[PDB]
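**Q** Here's the letter readout for the chains.
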Amino acid sequence: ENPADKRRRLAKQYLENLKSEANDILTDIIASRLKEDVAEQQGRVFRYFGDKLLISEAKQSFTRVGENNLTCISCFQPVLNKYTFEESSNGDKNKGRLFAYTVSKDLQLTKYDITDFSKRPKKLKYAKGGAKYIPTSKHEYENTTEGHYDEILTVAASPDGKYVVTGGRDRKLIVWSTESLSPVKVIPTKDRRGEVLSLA
Amino acid sequence: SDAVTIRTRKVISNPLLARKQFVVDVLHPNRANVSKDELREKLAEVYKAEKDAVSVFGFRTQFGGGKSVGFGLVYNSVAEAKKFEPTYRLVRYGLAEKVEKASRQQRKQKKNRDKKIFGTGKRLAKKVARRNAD
Amino acid sequence: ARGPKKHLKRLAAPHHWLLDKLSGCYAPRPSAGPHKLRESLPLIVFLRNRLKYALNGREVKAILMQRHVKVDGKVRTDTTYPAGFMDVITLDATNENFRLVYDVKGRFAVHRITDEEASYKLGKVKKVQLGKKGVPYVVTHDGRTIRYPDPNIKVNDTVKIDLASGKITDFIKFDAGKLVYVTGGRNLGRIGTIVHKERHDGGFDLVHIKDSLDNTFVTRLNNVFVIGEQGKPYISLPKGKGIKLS
Amino acid sequence: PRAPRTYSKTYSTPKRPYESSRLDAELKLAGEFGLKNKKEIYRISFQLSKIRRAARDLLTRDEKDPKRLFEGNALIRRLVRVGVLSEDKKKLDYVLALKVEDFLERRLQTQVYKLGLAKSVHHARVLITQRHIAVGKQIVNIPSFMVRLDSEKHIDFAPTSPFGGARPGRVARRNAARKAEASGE
Amino acid sequence: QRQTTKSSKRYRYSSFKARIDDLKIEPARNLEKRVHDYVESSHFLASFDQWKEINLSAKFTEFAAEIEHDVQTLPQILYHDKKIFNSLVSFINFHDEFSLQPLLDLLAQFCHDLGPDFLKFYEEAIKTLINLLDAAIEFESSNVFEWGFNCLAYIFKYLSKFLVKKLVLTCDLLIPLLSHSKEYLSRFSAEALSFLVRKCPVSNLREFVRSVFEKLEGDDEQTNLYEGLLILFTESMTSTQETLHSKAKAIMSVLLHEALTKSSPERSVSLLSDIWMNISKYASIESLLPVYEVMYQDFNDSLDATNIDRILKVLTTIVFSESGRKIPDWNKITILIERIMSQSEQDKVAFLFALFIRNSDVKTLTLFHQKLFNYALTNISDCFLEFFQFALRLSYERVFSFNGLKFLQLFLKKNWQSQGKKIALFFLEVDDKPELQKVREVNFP
RNA sequence: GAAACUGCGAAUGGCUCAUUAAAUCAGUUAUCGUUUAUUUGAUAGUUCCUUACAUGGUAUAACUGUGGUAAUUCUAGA
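Listed in order, the protein sequences are those of chains A, B, C, D and E. Residue numbers 57 to 83, 115 to 287, in UniProt numbering, belong to the letters of the first sequence in order. Going by UniProt numbering, the first residue of the second sequence is number 2, and it counts up by one from there. Going by UniProt numbering, the first residue of the third sequence is number 2, and it counts up by one from there. Going by UniProt numbering, the first residue of the fourth sequence is number 2, and it counts up by one from there. Residue numbers 4 to 348, 355 to 454, in UniProt numbering, belong to the letters of the fifth sequence in order.
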């Protein structure tokens, strides 16, 4: 009933899982795992799978798309917090559903599900621009038409799994929701030559 | 469009006066001149001290605008604040009270008059009172 | 004037204090004390202009009356106390000891110092004498009178002094080949081994010093201060170890 | 009982102030670079006179004298950072051969007109002092700013201005309010 | 005369004893922006980062090196439980003030995180704390006392339910600090354990009261333990600013029963009396009335045993405490007096009767003064003259407006041959005063 | 915590250049030819020696009261 005791309960379940995974690995270690899950925070390279990889049998799969000229891809991957212990994703109907967001010169943004590592990326949803989002002034700071009207060029998905933000040659930068692809906010770059090239 | 962004540099933990002294860089684009009250609330939220502990002063907006650089102090308690702060800054932040005194000329003139009176005065007052009573 | 001065103008102050010439008219006249006027650092200059632990003289008063500052083992509360050369200034809440010692550029220099090195202090035996009741004493360069010294201690010889008992731990003679710090004059801060004491009678004995890049210069015996033997300074020197360059 | 701040005279009248060749010289310079003053031309000529006198004395001193090496290398690198002396002319002889046209070309209003944010030199002057033009992040409104090379690449319109950024000026938005009210009636 | 009218200057001297006498314990009476309760990535880690910024001392720097490599998160704490605690205890035993502040704060917050698993380190944690406090006596520092007892208050508050369940072992631990021979150690330790006593429910409270009365009879020779128990219970009852509360009336009922048992020591009954004295001096009658109801109730429950003198002790304390300004109804007190008299069917009776004559209300004395003097004349027969001299010394004009002379005459007629020397001594006393002329006027057998 | 006694300071600071032509002053020396509040460091058991040291004695201020005088930071008697 107390938040400190709730944190202790989640940490105790986490430690049960650690001891069980140490036993299944056995079929020191837990201290090293805890030091790792902290050692993400320090700025030194630690993830050392540089030779465990089997590239010679890495299974490849091309998927042809409909639109022309994909411009960028950014894939959202839910992780687990170490401070609190719920998850990275927002909803409960997601539960770690690997998502991908692709933007293409055809002014199309598309979210795929990529949760399964054997099947193909399944196109969940999409949103397309067009010429009806052309600003009526064209000479002002206001550029806040709810769509994209020319050459989207970069995408990036937020780590909290709520937003994905796209930017292109139209000198806007739009943040869309991740479910309905609805544009929740649009920020002009407020510059005549301020085209957005790359997000991170 | 607008979001005031506070950053601090040169954070010196000074444990002699029980405080942390730094230099506050405020970025306020499309805005002007964020209040010391707002800065003290936000610095209290950042540094987990109380608004009565936090103190700031000496802010200076740059040419063109959009940035004002200043100075700040965060004591380790409101008790250390009331102990080491100057009285004018406690008056600013509402902790102490602005005391009421007469002007410099009035105080110095009362000093000179009382300097010319010797003793307590009351025996002289009785003497001159009966003197004018004759 | 009809008596002793109590004020010091800003431009009248010693140059090595690095006092900037606009923040007022007066500079902290250092009170009478162990060290001379033109080679002393007041605690207000040290705490405010150097360590930046204070912003005002009222904050220097707050620190000193809180009794944090100790200068050679003892608490000082006068804000213009003349903390001089080869001094130990301990701040307890900050856990720092400072040996005050000159830099190469001619200015004073904060030297962070650990406890085992702060526990003692050098001192240039400068006047050895025979006092009342027939006891001998030495007068070092900071007024410290130490009765009953070793019989071999002479003028111009360094004595390592234990602070917490005020006693003489040991001493370092004045011969050619010792490590010599220079304290006054043009070359102050240039640590070099002493080559030859050119000795005149009634004049001033000059001293030929040669330092690690085998450069040679001349100073006076008043400015020479012996530290230790060849390559073995008893104290820890500041960065650069006292070498003037190009 | 303060210490005296130091001041210094920045220009100096020449020897013969009335001379037809020099009058037409200053007319050419003022009309070509958009200046306003013999005061401005004497400012630049005084700086150049000081520079060339220092360079001449360092010439007369001995080669590989440390005074000459130190002060000459410092003078050369300061001029190179200003941009007046090019990279491949890093010598005291070219420092002797510099001129006022080079310095007035490194001024800021000439750089704004050359980069093409303005139609004329006078238009550039007006833009700078109307506070439209920033060098990097800093709004500059001094038409005698003497840019360096990196700054010369960094000159642009300022984010406060109606030209490279935010809301239109009072003339434009007052006209717009007038037309809105006139369409309302 | 402590410093009452403050001066105009800003820095007083404040000697060490003055600072202790000003000092109190309850941080819940205190309040601020608590950093550890404010930011919640981990309590220990939040406090650790704040103290790493604030404190620059050698001892805490070394501790910071070690445990900063260890802890950065909650499972790291939950796994390396023992290493952290042994390092903390190592430096607290190193006993250095400049580092003694943050390690005490971290001990509190470390328990707060490690809650119900702390109960194996808890014992030797308390041991190192009380060793620290006795060392603080050796180096006087009000700072160290305030920190250490705030750490004890925090540990009690964080492990409330378990120590409440196991209350007798906690006071068995704190008795070396509760009965310590220094007024401020007994005061502060009593305040902390008093907070736990206020938190405890009725059954474990009854057990604890029985145990502590047995321990007081064990420490019959000790008086400072008695004083510590007194200040402990009186703060548990008085804890608010002017109003004792429902936990205080429950505490009073429990103490009343377990002191009016036939096994409780009469020294413990005196302790109950002093508790009631402090409470009557502190609180106001509106907040006091239900406690009065509880006391009268328990009197009427257990008035009939071999505890009649014990009841008389508590009742003398009640009627003396301040005055009628705290007493609701001398009529109910009168009913209790007649009950005790009829049950008795000595010296304390004389003391009670004199205190009633002096302090009670005249509107009730108008109808009780007959039965009062008749009870005195019957029961305390040889003692009646001592009672009468005490009454005349306390308040003569009350009995003189009442019938002192007539009852004295009736006593002389009933009995004169047993204590005629006492009669002579009484009259020998009452000659000199010029305020007993009616006693000079009274008649003889 | 007023007043007054006591201690310290009021000899520094601020202004002006009237006087002074080996005088002041600048650089250089000396005190083995002297005084020095303060600051800083050291420093003084003297045990006895023919007939209170758990601690001698006087006053005076401020104050109470009686007054003088045109008047002053005047002061008298008790």
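Mixed in with the good hints there might be a few duds.
Quick list of simulated restraints, FRET-style, between CB atoms [what the hints assert, rightly or not]: (1) 89(B) / 182(D): 43 to 53 Å; (2) 83(E) / 164(C): 38 to 48 Å; (3) 103(B) / 15(E): 20 to 30 Å; (4) 402(E) / 118(B): 28 to 38 Å.
Selected chain E positions facing chain A (Cβ under 10 Å, derived; list incomplete) [to be verified]: (5) 46; (6) 117; (7) 120.
Heads up, simulated SDA-like pairs for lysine to any residue below, C-alpha to C-alpha not over 25 Å straight-line [unchecked claim]: (8) 53(C) / 144(E); (9) 75(C) / 54(E); (10) 49(B) / 61(A); (11) 139(A) / 204(A); (12) 55(E) / 126(A); (13) 37(B) / 57(C).
Worth flagging that the hints you see were computed from the coordinates, not collected in a lab. C-beta atoms are modelled at their ideal positions from N, C-alpha and C, and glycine is treated no differently.
**Q** Among the hints numbered above, which are violated by the structure, and what are their numbers in rising order?
**A** Structure breaks hints 4, 8, 9.
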